[PDB]
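One chain follows as structure tokens, the form deposited in one PDB entry.
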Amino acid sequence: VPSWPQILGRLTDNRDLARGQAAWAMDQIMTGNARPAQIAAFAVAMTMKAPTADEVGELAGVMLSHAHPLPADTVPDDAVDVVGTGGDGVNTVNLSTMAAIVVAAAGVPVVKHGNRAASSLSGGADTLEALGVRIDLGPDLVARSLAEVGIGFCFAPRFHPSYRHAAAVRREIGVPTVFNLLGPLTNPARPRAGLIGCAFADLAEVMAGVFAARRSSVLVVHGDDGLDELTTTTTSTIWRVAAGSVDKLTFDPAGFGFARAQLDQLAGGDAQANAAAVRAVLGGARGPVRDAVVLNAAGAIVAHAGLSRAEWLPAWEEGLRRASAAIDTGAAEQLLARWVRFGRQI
């Protein structure tokens, strides 16, 4: 009964889909049964209609239902992700990746969902590769990385091979669509907490709704300068997800003594340049990049706390203390070194 003309017609009529229709569509896409034209029409039509949390949740659900999972009982109940949509139009250093290393060094289990560049000069995966970290590990070895090192990296194309038809279309049309939301929503380890960047201000709330439905503890963040991270150049909008509900907040780092930075102070380069930036921060270099890394690490720790009960300002103060200490003690630098060793000993 479901068909492309039905679903696409409903969307072009600016109507929300019926329950299960978005899922049907995504499943057709993920099983190689959709024509490129159908994939593109669907992505564009959903985007222009304004996707609902129900709809985006169905898309992400289908992706997760096809993904390679991690082995049973290898992901702690309190694992966290630090990942964004990307596509903010700014070539920054890899802030989520740097933050993730610091969070893990603070003792919070991290299973990060990641990928190579799409529109930037160096993606988190590119940069980790340049640092000597193995980005190509399957379920079993990601699980061992998490256990042994404190952090695992799930390379999206490795865990989502059936997404390859959609990815090709995303590339061909260029324009961001609802598909650009799915990465942060489809970590195959299914961590229940996260700091989740959204480049698209008008779609952050919908992302937050999806996390709320699965009762995650997440901060969905959009820098008011456009960054899909908590920014240091100005305020950030946060959609705070806890206990199945979303509430919208504005966050000002000046409240925690952060000086305002300029966006060009966070600029990145190629994989080697961004790798150097990771080494500089973990080595104790003070300055704007460190500040942005500590701020986002703290945010992820706050999300982790919310799995409990948790109070906002004490949570942030503790998160900032822990993030800063994880760098200052050398723990974060050492953790990266241990991560690199781990991959070379497989």
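Throughout, rigid core stands for the largest set of C-alpha atoms superposing within 1.5 Å between the two forms. Positions refer to the first chain, counted from 1. First, how it differs from the form deposited in another entry.
Core-based superposition between the two forms shows that, of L185, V178, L131, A199, only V178 has its Cα displaced by 2 Å or more. The Cα shift for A285 between the two forms, taken after rigid core superposition, is smaller than 2 angstroms. Positional change of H66 between the two forms stays under 2 Å at the C-alpha, relative to the superposed core. With the core held fixed, the Cα of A315 is displaced between the two forms by less than 2 Å.
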Contents of the next structure:
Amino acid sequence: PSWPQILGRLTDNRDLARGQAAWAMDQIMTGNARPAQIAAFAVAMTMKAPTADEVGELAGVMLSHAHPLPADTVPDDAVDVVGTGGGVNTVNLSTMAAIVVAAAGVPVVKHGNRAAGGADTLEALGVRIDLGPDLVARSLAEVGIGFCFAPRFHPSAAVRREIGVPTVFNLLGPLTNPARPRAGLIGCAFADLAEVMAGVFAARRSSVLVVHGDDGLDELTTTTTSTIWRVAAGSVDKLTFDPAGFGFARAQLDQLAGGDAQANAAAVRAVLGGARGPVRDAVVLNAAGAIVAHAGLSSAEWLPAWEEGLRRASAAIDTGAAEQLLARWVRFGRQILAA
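Taking the form deposited in one PDB entry as the starting point, write out the structure of the form deposited in another entry.
Only one chain is given; partner chains and other molecules are left out.
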């Protein structure tokens, strides 16, 4: 593979040959690509319709250059809870849902970066996001949730300053979690990429629900139905989900909207403290979706899994388990943590 061969193929409106996406991504990650090459390739791969083979290569290479967690520190049953975003932002919902899932006893391992987001809302809550692999492993063990801060794990494409627009590279987070959880609830704002991502997770034998609100939300919505790509036993089933089937009132899109880091942090405290309304509803639904994906690792009938997921999610909040998990998480980071 070479850049001319690859860029020529792209300009010809063709998909890449096997291995070409991997080679290009590896050149970038090792510092061997020039700004022009990075930019042309990033823009081209954002314009062209995505494929599972190419995305799998891109994400696989990105993942291979990440620091892993120390051996045997990630519970076999750990889950991710994340949206891709992409004018959609549900960092509010995803953050709250992650804390609820962890409080329900399912280990959560998230990953990401600051917003200028995910990480900023966590810092606004007092969570210490900037930890090395050993200490993230210790948080997972001791608190039941960990956060893999991108700068610390993926050292390893500042051309994004160069060109000032996001690219496909910014949408691969769910496939590049350094802790490699085998289950998850993955929200995606673009239906074409959601289906592709589902195919990658199937190839990895993950138990994941890839979710897209039929209102465009990158989470399970409460305003209408959602599309779910249910990934289990190496295969994908696409279906429709109606939360009214579990007693959830239809909400309005603007009721679910996030804000800045401080606005988000206030809502997290409201919801964890028991405030009821459209936001809590959406949090419980997405937490339940993650718990359903987790259940999928071990077996599980769909409707009963949902009823159990929703029971566990609601209880995590209503028992105060969630509010207290957050307190323990803040407490952990404030300790004198030694290597």
